[PDB]
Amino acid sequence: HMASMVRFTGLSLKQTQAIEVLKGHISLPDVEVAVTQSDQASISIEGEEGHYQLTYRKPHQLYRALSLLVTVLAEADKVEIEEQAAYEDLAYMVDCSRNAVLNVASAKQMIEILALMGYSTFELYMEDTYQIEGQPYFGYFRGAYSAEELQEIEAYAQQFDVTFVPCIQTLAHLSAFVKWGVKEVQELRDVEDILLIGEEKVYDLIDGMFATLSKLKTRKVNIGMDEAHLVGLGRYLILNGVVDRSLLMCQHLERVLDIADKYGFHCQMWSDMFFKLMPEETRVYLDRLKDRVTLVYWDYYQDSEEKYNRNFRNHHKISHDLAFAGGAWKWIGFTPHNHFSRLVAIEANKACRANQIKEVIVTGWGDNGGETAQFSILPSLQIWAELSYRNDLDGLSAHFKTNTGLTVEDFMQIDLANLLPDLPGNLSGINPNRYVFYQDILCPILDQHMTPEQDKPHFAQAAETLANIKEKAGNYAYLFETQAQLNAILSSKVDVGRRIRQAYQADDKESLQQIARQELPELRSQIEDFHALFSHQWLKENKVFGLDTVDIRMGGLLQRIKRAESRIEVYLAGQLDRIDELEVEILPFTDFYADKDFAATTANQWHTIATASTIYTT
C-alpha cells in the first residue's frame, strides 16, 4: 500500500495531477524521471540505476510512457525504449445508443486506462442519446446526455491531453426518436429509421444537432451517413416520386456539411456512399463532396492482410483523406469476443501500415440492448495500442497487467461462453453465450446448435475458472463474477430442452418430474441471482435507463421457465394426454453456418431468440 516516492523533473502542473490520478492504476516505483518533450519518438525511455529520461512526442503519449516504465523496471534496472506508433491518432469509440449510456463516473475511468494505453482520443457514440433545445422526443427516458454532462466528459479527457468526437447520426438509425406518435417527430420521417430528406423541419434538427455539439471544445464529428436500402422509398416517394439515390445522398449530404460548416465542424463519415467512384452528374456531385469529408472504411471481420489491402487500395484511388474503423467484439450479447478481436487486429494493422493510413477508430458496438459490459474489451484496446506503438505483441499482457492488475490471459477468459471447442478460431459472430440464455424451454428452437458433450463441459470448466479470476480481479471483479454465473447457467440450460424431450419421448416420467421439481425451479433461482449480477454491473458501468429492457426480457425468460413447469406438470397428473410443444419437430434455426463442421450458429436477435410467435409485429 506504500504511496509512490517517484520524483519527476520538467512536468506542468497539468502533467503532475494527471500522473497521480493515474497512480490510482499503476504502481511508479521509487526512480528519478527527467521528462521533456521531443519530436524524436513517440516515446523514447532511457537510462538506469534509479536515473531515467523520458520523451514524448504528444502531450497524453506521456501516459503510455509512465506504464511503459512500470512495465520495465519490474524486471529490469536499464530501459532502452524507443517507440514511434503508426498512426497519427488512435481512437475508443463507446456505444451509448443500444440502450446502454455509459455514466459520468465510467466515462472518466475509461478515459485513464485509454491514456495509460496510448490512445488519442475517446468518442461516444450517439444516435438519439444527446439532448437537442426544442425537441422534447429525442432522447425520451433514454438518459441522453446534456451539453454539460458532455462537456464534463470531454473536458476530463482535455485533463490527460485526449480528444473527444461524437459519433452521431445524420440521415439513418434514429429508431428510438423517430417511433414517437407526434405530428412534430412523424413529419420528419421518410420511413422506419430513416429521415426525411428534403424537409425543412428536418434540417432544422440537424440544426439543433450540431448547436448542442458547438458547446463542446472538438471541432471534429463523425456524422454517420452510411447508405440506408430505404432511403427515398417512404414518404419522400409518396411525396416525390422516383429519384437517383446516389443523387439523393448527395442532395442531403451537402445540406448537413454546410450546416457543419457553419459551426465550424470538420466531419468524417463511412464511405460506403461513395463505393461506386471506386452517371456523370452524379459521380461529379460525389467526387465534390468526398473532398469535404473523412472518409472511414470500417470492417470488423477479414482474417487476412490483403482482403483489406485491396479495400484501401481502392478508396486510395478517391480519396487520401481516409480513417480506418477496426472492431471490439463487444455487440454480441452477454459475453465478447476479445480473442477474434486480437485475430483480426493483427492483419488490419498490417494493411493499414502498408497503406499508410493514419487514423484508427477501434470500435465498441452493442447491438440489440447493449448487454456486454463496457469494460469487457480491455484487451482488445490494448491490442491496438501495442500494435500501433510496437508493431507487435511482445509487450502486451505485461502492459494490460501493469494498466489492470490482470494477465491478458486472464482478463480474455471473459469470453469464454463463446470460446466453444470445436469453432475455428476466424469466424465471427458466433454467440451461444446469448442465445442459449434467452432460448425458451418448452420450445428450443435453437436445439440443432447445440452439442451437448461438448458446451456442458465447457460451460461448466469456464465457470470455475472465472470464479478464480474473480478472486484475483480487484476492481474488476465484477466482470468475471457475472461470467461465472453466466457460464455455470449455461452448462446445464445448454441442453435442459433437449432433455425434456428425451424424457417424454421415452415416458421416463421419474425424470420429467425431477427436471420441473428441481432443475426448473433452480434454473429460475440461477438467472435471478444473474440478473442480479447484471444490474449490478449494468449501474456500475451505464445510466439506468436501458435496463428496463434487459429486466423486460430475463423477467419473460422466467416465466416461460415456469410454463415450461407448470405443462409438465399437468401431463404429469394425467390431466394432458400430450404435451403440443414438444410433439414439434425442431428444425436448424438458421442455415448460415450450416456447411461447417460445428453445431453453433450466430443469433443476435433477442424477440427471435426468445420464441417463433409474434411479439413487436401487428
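Numbering follows the first chain given and starts at 1. The term rigid core refers to the maximal set of C-alpha atoms that superpose within 1.5 Å between the two forms. Compared with the form deposited in another entry:
- Rigid-core fit between the two forms: of 273, 500, 466, 116, the one residue whose Cα shifts 2 angstroms or more is 273.
- Core-superposed comparison between the two forms: the Cα of residue 316 travels 2 Å or more.
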The other form holds:
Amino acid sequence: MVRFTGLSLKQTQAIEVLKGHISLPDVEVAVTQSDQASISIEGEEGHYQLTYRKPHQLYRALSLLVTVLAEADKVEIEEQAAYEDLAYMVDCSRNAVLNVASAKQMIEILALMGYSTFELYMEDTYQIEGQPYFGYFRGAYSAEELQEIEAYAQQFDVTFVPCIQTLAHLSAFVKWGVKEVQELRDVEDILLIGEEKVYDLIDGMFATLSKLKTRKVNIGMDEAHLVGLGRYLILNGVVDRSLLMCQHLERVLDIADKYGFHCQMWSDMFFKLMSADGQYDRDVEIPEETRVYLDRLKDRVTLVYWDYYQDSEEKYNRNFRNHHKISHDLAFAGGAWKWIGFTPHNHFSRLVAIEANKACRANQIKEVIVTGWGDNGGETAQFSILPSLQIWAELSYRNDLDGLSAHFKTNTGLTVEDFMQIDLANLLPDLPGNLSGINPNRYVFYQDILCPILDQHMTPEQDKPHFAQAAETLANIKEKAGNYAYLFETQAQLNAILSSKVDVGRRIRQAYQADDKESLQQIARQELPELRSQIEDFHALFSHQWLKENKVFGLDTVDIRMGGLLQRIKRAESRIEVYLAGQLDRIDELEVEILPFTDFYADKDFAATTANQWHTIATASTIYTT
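Could I have the structure of this protein in the form deposited in another entry, to go alongside the form deposited in one PDB entry above?
Here you get just the chain by itself.
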C-alpha cells in the first residue's frame, strides 16, 4: 500500500527486495536527494517528505520511517552521519566462506542499517589464474561469484571492498609442498619479499580483483612477525626491517597502481618493527631513512588502526596520536566479536564500540570498518553479530543507542535484547563485562573428559544453572525468531550440553577418589552416552547452520574436531569400564592433578579464562607438531 514519488526504477526495485525484511505501511512518501542531511524525514497524517544525502541512505531512511510510524503519526527525523563510510568486513579465510545467497541477505541488512560498504576478507579464498593451489579445496570465490556479490551490493548503492593478503596470513596457501609455492616463502605464513615470483603472484591477485568495478582494496600486511628472518635472511642477510617493509609496500602499491586500485592496509607492522618491545600499542622511534620512505608512501595508502579491546576513549586516542606521527590518512577497524568459538560477544562489542566511536570522532576518522573475524575454524554463525552491526550504525548516524532496539526489530523481527541473548554461553555471571576473549562456550565444549585441562576455570555452582537457564531462554527466543531461529536453536543446544559437561570430568574424579563405583558406572553407562547423543544433535544443528550461511568447504575441520571429541568421550566410557571390571589397578589419567590452563586472568576474582585454539583445548599431547 505504500506510495512513493521521486524514485528511480533502480530504487523501486531495491525497495521491493527490502519488503522481504521490513513492512512498509500505507502512507505517501516523497523522496529526493538533498545535501541538507544524511537522512531527513518530515510530515504527518500519512504524507511524508524523505531526503537522503547519499543514495544508499534511502534504505536506512525507510527502516527509520517504518519504525517511527508504529508509535506516532508526526515525524521529525534528521540524521548526520559521523563517518564518510561505514563498512562491514566478513571473515572468509578461517574455513567459513560466506555463500552467495547469504552474502545477498547480509547486503540487504547492511543497507537497511546504513552501511555504505561491504567487504570480504580472503587470504587465499579467491581464485587466481595460473595458481591452482591458491584456495584449493577452500571454496575460493570465482571471479564470477565476486562480481555477482558486488553487483548485488551495487543494486543498493553499497560499494564492495575486498580485503586480501599481500604479505602474511597465507598459511593455507603456503603449506602446499610444490616448488611453485615453496619458492614464494620466507617463513611461517609469510611471502618472500624481493622474490619476483612473489610479485608475479601479487600481480595475479590484482588481475583477478581488476575484474570487479571497485578500485578500493585492503592489501593486508598485518602480523608478519618474523618478516625478513627466514629464507629472506638466508638469501639476503640482515637488513633493516622497517625499510624492508617499505620496499615491499612500494612494490605492492606500484602493482595496485597498474590496475588503478587505491589501497588500505593494516597498520600494525610499522609499530611492531619500530618500537622497542615489538608491540602495536607503542610510540615509535622512526629511523630517518624510514621516515623519508614513509613520507613518500603515506600519500598512497590509507593506514587502518585496528583495535577491538579498549574500554575507554583515551586509550584509543593515544593510539591515534601515535598514528599521526606517520600519517593523517587513517581509518579505524572496530570489532564484531564473532571469533571466539561458537558464540559471539555482541555485549562486549557494544561496550567497546561506544568508546571507540568517541575517539574516532575526536580524530576526524573518515571511515570505520567493522570486522567480523572468525579465528581458528570459523565456528561462529555469520549472522550472529547483527546487533553489533546495528550498534555501529546507530553510533555513526545518531551518536547514541536510543533507537537501537526499535530499529533492530524493524530490520529483523527480534528486539535487540532478545537477539543479544545469542551471547549467553559466554556470559558467566561473575565476569565484569569489560574484559575481552573470555570464551567458555568453546573451551567447555572441546575440553576432554578424562584429562580436563581447563577444569580449574570451571565454577559449577554458578555455571551449571547459568548454562541450563540459557538453553531455555534460547529455545523461547528461537520460537519467535522467524528465519533467524536456526541461530538460537544451535545456541540453546550448546548451552544444554555445557550445563552438564562443565563439570562431568570433575565429578568423574571425585567419584574415582571417593571410590564411588556406582557413580562411575552411572556416568559411563548413562551420562556420557547421552552426552554423545546431545553433541551429535548439536553437530547436526551446527552443520545445518553452516550449510545455510557458508560453502561446504571448511566444515570438514569441524567434522574432525567433533568426531575427535566424541571418540574421546567413548574412551572415558571404556577406560571407566575396564577399571570397574577389575582389569586396571588405577586410571592414570585421573591420578594427574589439574593445573591452571593459563594465567592470563589469574589475578581476577572469577575463574573463567580465554582459550581459543582447538588443538590446545582438546589435548596436552602433540597433535600438529613433528
